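Consider the single chain below, provided in structure tokens and representing the form deposited in one PDB entry.
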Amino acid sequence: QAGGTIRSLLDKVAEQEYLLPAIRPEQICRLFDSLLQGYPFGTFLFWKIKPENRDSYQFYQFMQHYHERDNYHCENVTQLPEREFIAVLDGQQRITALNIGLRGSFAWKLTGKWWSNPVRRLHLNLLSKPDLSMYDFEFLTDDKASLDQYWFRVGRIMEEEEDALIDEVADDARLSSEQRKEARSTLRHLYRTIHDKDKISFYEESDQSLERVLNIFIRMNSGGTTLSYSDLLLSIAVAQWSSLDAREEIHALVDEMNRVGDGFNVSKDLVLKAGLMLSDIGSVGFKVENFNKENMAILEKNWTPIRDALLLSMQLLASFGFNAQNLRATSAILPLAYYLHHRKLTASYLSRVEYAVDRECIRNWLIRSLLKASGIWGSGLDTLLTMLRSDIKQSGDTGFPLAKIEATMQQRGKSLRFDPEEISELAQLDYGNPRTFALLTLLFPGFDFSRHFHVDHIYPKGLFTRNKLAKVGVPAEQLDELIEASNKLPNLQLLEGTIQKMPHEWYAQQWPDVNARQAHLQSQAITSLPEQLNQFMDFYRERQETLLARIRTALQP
């Protein structure tokens, strides 16, 4: 146990003496800042395998070079060490983070534009300046760090000797006198922390008594680790209620809400934030300051109406057929739940046709809010929720105020008016985008979303395989130029009911009536259906031009 060095540990990892029994870049950079800032590491748990049990278990190596496509699974042990070896039971991620940073690489898929066709390594600015962080660490590509901020690869601390690196900086003339001075202090801090410092601590033990020492660690070190601000806040908040049955009631509603229809995944966090919003509390932040005794008193005095409304909220989203896979913005339920609370609406709201227009007004808003790439439900959300809540109080007594909510949102910069580019992106959306279902719900508003339904390909994806298209006679150049489009909105439609024929056959053995067939089709924006698969592209580009103009109109206010 006692103490130890990061260099010592990283090297036993390399010699494969430190292993792993079975089992975010920016976050690795954050460990390294905290480390160089002197935030100490906690104690780690280690298991020493007797040489007799060397073959008894299947150990795996830590990750050094990460590639989401190439190496993403912890590689198995290559050469079983010839002597005593250790397997880590706690601190795996902490160790892996140091390994990737000082001896490895990280390749993550770049977020590209919607038109789509990189091994980076850890670097530190020696002329690091603080940011209200203290030390700027970034995973960068070599050419992006050669930028004419003096960037240094932290990895060389493990490959070169201090004297060489200290000297390179001093012999660099791109740097002025005062600069080289700062750079040296910083480079030294790094070398003198990865090397020459007692940061690692480790409870170690053998097979027989491993049972006892894991439990000592759990008593002495933490048990039931804080789920961040979240379980803390819940803990803090529940501790200001008369009912010592409060903790449960929240978890209970969360469960009921997540079994409303086909299924949802809200968090206790949403319930707490909703509580604040519905209680007309002036701040809606998820902060312990806002979960005081006075604030939580209001919630406890109004819990039953608030719970009911949030449940009806999910019931309404499922009336519009949302589930855990298509609704990604749980933050959008909050305005809706304030509305059902302001008007004290009940389950009857979903049935009475008298409220049908208002339900379709809400859906218009929700869909358009979720169709925006991003910017509506992310940053600045707390100011928005506040101003949206306000709108509902001043003019919701009549009905949902879309006119006002639309412009309040424009003012906070979060307009729901789509640009020609945002519209062009929406017309090439892929099958998997959660935004796809909802675009179709808007474009095709007549459906019983309240009942089972799904999204399918007019021309089935099965036929879209390189051989099959070529058997029919598609230029080899156009192969794989169609298979990609087979999964794009112009070949996507909304169908009634749960989940082998070309569309024009299914549509003539299921739509015998010429007049009714022509209608279902024009209603699904299917203007024509060509019989040779080698004419699908003329179809695709035709439906798109039709849908593009239908998307513009449907998002015009």
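By rigid core we mean the largest C-alpha set that fits within 1.5 Å across both forms. Numbering follows the first chain given and starts at 1. Compared with the form deposited in another entry:
After superposing the rigid core, the Cα of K109 is displaced by 2 Å or more between the two forms.
The rigid-core alignment places the CA of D280 less than 2 Å apart between the two forms. The smaller of the two rigid parts turns by 15° against the larger between the two forms, as judged from C-alpha superpositions.
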Second form
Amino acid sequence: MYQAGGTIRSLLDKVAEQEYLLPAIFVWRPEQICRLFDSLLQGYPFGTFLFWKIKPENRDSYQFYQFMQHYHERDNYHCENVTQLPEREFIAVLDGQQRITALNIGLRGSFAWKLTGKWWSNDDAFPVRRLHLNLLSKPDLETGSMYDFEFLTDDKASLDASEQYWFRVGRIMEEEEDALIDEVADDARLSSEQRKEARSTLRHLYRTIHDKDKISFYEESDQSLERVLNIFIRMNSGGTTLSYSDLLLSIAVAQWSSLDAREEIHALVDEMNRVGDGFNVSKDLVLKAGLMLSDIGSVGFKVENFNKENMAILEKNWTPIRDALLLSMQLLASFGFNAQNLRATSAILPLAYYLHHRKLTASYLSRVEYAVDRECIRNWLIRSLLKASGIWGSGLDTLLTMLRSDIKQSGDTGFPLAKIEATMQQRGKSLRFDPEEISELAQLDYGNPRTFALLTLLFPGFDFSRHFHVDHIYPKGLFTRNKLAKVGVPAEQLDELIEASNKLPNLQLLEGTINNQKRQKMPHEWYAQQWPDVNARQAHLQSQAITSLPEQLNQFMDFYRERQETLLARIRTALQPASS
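Same protein, different form: I have the form deposited in one PDB entry, so give me the form deposited in another entry.
Next comes a single chain, given without company.
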């Protein structure tokens, strides 16, 4: 069947009573849910959906799932199983799943994502947020946004937003339009001009969902599913549309006399990703690096930059360029980076420009004449990566072309560290750390990608190309609620000790792989038998910012505070910028 128009309200009511379901076959980023609601209010139409009608004889023939509603990046990213399996004929959605999920999360659910820089262990790193609309939206002529939608905690919404009036979008499914419009009219915090504007935005939102025929679908049973599914694919977007990424790639490879630049680019990606313990770089990175290493004026990942003259330059230099790219990954692996602990792939671009510039080869990793230069790059890269945010995000393209001029100007004197650091300061991307950034670094968690990076900056000396790991000084296994309450730790200090045992003051770098006999002893026990000479012992331990090793867990927080103090100092000096 064809249904040419239903409301979003009718659609979501069916989702609510589990009459629209999913067959057993992910979710969008919050920013994309917001772009959908903005596009919806602006008037962009939905494409048609496709629904498979399940008769009651078949309720049990197949496994069905429920549309995602309250998304939690940690605790609920999988679709929930059906709980109210209908006993009348119902629907499984074959096309429309992600648009319907976003509608459902925005209007009936929530989104809890991990805060930037925090670790999965942290429980206050996943604040629950709900979709909100700023009833006083004004056209942002940069994003093309007409309505400002945003996922907000309850308190960032309720705060006095100056010039803003935030409205929880889901209220239009819970209250009548009259009650909501009256709330806005009766709010004395709005001016009369603001009240008029808030009112027509709230009406526009309410009625887009409740009055406008936005939803169209085909609806078919088992018997003719095959035929209409084919019709549906034929007449709508059947052969999937290229993303912008894949469009640039196709346009870019079109300009190459090599009969398969597509194959050259994939071989390079997979090669790069097999380096060391594995990386995860994309073809986007390779194409942008193409633009950057060929001295193209713009490194913007934009279709206009992949015209035939620029792709002619890129093809000419493809061998130097894939050589530098591949040597960039080998440098990174030689520092200990892999796919799990490299947060910003864009940092590869200036590294690769440098290696490509000086025409370096894999001997750059061994010869001693380079060791000082290799160490200067490592320190710079790690510091850039220790920033929670604000270095390799927004503003990248202008940062990259300025860093490129600095590297160009350096001839073969080596990595131009002072110049680079000044360019970054000039751009609002200083590698200077302020005291609260320092405190944040000193409480990093085991497994956070910045943690090993920080440790290899604080305690250099290992061959980071060889095996090494981060270990707990007081083994993490000793720290459970049961075990601790019997050594006497008060019941209220129990969660404090457990959280602290997993953080930087209890962390160290160790050569080799995980030692299982170290992890079953108290640290003073383990170090007394590995270092019988009491003087060696206290020099080794001191090299690791370990002064003492209390013999009972009851005194762990004394140890923690003491080493936290030493690490704060060591972090300060390590992150202090040189001068001349």
